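Colleague: One-letter residues, chain by chain:
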Amino acid sequence: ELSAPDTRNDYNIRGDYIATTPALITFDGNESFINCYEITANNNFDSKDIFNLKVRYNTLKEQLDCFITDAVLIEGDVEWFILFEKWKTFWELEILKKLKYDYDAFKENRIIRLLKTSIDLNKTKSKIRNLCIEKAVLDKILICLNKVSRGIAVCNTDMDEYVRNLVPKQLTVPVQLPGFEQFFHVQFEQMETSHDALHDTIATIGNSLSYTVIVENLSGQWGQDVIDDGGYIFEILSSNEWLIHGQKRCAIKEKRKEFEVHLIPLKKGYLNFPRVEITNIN
Amino acid sequence: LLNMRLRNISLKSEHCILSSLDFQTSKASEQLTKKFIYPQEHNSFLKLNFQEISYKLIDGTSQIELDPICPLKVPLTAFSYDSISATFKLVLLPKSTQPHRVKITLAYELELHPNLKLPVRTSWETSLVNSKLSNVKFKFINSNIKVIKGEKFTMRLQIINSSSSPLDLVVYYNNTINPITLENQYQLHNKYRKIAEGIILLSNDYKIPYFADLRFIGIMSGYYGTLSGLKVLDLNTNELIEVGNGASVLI
Amino acid sequence: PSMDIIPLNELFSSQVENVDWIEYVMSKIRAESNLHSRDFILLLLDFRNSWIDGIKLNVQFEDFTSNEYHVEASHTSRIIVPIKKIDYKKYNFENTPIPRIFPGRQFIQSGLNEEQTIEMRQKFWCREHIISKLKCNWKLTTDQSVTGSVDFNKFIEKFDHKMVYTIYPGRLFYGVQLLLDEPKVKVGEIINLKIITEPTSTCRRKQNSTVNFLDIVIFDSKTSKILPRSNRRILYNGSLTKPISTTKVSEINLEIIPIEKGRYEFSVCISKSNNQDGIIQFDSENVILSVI
Numbered sequence: 001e002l003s004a005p006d007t008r009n010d011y012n013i014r015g016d017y018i019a020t021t022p023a024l025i026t027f028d029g030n031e032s033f034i035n036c037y038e039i040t041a042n043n044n045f046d047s048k049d050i051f052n053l054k055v056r057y058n059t060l061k062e063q064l065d066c067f068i069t070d071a072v073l074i075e076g077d078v079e080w081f082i083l084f085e086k087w088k089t090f091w092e093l094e095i096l097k098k099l100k101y102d103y104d105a106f107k108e109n110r111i112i113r114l115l116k117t118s119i120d121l122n123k124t125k126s127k128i129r130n131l132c133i134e135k136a137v138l139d140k141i142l143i144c145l146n147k148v149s150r151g152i153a154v155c156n157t158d159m160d161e162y163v164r165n166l167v168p169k170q171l172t173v174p175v176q177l178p179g180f181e182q183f184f185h186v187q188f189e190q191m192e193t194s195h196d197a198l199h200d201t202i203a204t205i206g207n208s209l210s211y212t213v214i215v216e217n218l219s220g221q222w223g224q225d226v227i228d229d230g231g232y233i234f235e236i237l238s239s240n241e242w243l244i245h246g247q248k249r250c251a252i253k254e255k256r257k258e259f260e261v262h263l264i265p266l267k268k269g270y271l272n273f274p275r276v277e278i279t280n281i282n
Numbered sequence: 001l002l003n004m005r006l007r008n009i010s011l012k013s014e015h016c017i018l019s020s021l022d023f024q025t026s027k028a029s030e031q032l033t034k035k036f037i038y039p040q041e042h043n044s045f046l047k048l049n050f051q052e053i054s055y056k057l058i059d060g061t062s063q064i065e066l067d068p069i070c071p072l073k074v075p076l077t078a079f080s081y082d083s084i085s086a087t088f089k090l091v092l093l094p095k096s097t098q099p100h101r102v103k104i105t106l107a108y109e110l111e112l113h114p115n116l117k118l119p120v121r122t123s124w125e126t127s128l129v130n131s132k133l134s135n136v137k138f139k140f141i142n143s144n145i146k147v148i149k150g151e152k153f154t155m156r157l158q159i160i161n162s163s164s165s166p167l168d169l170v171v172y173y174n175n176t177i178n179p180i181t182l183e184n185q186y187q188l189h190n191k192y193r194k195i196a197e198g199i200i201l202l203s204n205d206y207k208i209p210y211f212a213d214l215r216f217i218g219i220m221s222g223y224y225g226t227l228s229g230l231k232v233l234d235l236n237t238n239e240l241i242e243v244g245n246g247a248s249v250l251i
Numbered sequence: 001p002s003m004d005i006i007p008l009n010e011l012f013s014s015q016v017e018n019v020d021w022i023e024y025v026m027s028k029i030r031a032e033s034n035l036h037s038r039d040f041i042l043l044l045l046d047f048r049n050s051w052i053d054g055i056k057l058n059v060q061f062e063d064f065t066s067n068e069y070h071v072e073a074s075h076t077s078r079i080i081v082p083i084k085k086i087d088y089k090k091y092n093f094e095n096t097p098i099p100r101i102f103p104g105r106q107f108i109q110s111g112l113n114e115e116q117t118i119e120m121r122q123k124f125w126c127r128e129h130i131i132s133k134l135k136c137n138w139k140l141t142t143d144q145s146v147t148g149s150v151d152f153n154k155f156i157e158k159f160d161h162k163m164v165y166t167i168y169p170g171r172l173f174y175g176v177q178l179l180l181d182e183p184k185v186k187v188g189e190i191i192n193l194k195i196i197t198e199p200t201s202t203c204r205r206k207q208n209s210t211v212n213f214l215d216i217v218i219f220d221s222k223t224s225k226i227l228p229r230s231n232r233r234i235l236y237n238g239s240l241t242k243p244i245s246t247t248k249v250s251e252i253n254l255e256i257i258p259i260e261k262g263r264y265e266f267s268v269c270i271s272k273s274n275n276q277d278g279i280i281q282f283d284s285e286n287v288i289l290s291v292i
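Protein chains in written order, with my numbering: chain H, 1 to 282; chain A, 1 to 251; chain G, 1 to 292.
Be careful, since some hints might not be right.
Said to hold, decoys possible - Each pair of labels, with its calculated beta carbon distance range:
hint : chain 1 : residue 1 : chain 2 : residue 2 : range
1    : G       : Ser-132   : A       : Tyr-210   : 44 to 50 Å
2    : G       : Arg-30    : H       : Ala-71    : 53 to 59 Å
3    : H       : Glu-235   : G       : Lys-186   : 26 to 32 Å
No lab work stands behind these hints: they were computed from the structure.
Ideal Cβ placement from N, Cα and C applies to all residues, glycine included.
Turn these sequences into a full structure, and let the hints steer you where they fit.
Modeller: Right under this line is the structure:
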């Protein structure tokens, strides 16, 4: 979830992820989980508010442990009437050293134990006053879970209202730049090779430093390369920056720069500072 | 020592080497004149470039630019002008000369006068399909770039062979997927997919008999630069000549 | 002598209405909105005479009738015929092809396994479908009354793995379509997506792994797909691994909000596990949107 601060602008967070239908994720750093938020800027410039989030979660070890407890040794209420209600904390102290295999639990298997000890556990259960009506079930469940594999079905059926979700939070202050600009250029390509049908990118990014500059990269061309030299005319509106290119060439490296952070600056005109450099080669 | 100049030369495939000169006001000269100008309270300079030209050879000919150029004047800037030289098949390296005229106008209409002239050699710092065995060459006589819709069209091969046995070769397109990092795996799959069913040859398994007209029809839209499906097999001493030539957009 | 079968994916907008198959296939696409594109397959068969005189060679399908070609003396002329796919759930393709006789024991201990028998039944019954509609009715140009028919039974030899993929979609591992709400959406808007999945009758082949993993790839309509950081591109909730299961009509509905441009195409991929080189099906439904 995501929460908006007490300043209360017209921030419209349309992004709000609810994992209602899946109770599933994995974060083993092989694939990439990306969450994203489609927020809105304020009614005016607003650069420093505070955002706090709400991630409910669990960990998969007690997810499979809740599954193994609720459907491996305490499935019915008949065994839950006597055989485990007097040894529940002993069952938790036995379950905390299970150490199930979480390396093949993300590849076509779930609730599959590793090569942990199962020899002296019977002697440890026999050392106390554990009756055979529970010592048969607590041995047969570990013997079954020593080699078994489940699926993604009937996982939420055990996970439903049987996990304390640690609703953690963080802090994201929505960082901002320093030097606002607003420019728009226009090009006219004197063709070396006739046209290479280039793909465009009208950038919007601002430089935030002192005694600095704004460096731009040209559009991307994908036919026969090394050619299509583009001429340009600036019309550098709403400022007085310094330009450092004239009639470049759209091959391997042109880098039509514009020295910006020297004179005639402004304040933070938006959420961050902006430079919405929209080229238009028509 | 007021505007550092460099020239970059590139080799276009259309038999015209393009050389572009770039001029930029050097930063050491900028601070050098800038502190003495800001002593008299000046922030932006005025170097008026009023006559910039490039000359060719021992007889001086003025090769023009690729576009227009006025008489401009600015400070703390850089500008590049590109001329089109002629591609040389021999080892004669052309030596050209360039010249400029920077009018370093100090204020209240009290201007200095500077001129500069460099001269150096325009070096470049270092298709027809030919086989590996014999004299057999391939080239498409029709222009390899062509603009078609998804309709029927034609294309024209040409063979220059040893005149001893000009025949005994066959063409075919091989409309099947080549049998292949999941992202690079699926990118190579998309390349091998759109190769194998993008255009289809309307006469494959085709015995050749110095022209050879072969006719396609194009199905799927996109630019097929070096369309490499079609594969001319040589019958005797069984090997394969790839034809990595031709590029048809289908829009 | 030969034959090959290739599908198609472009819609073929008009003024290309002079080529004989295109008007028929685009007429069937044009009205009847359930009769969709993307599932037509062209079969490419090459008529070649060994004679001294020209022929005309009109090809009749069950309703498709081709134009009048002209094969002169020894040349080939690939006549391109449209055909739709053959639906696996509507038909049955796992019954033994019958012998004519009922007399001989025919060496009743048949030397075949299960899956080799089933792929032999598929390879026979696919050409049993494509022969039982195909015709041709030829005539000579200089004689004009020597009109005869042809067969196809002594000419088509067998199939391979490519023909049984391309003709029969039941050989594949899952059946997918996509549902998209607005293909012309402005950039400041998030749009629900849908991926229906319907497994096959080759789901019997594995029988143990009850999960498979639906990858998602995105490509700029030109080439060169986007790496999953997806900056300047589709801003996407969730992650692109989305586990699905055998014998399930699942729907991995997702969300997609654009950033910069228009030309985007969406597709899937099946990979059977999470490791490298577990991949089984390069699925290619590949529908398109735009963002103004």
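Colleague: Hints first: check each against the structure and report whether it holds.
Modeller: Cross-check of the supplied hints:
1. For the pair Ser-132 (chain G) and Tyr-210 (chain A), the supplied restraint of 44 to 50 Å holds, since their beta-carbon distance comes to about 46 Å.
2. Range check, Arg-30 (chain G) to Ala-71 (chain H): Cβ separation about 55 Å, and the 53 to 59 Å hint holds.
3. Distance hint for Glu-235 (chain H) and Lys-186 (chain G): a CB-CB separation of about 27 Å, consistent with the stated range 26 to 32 Å.
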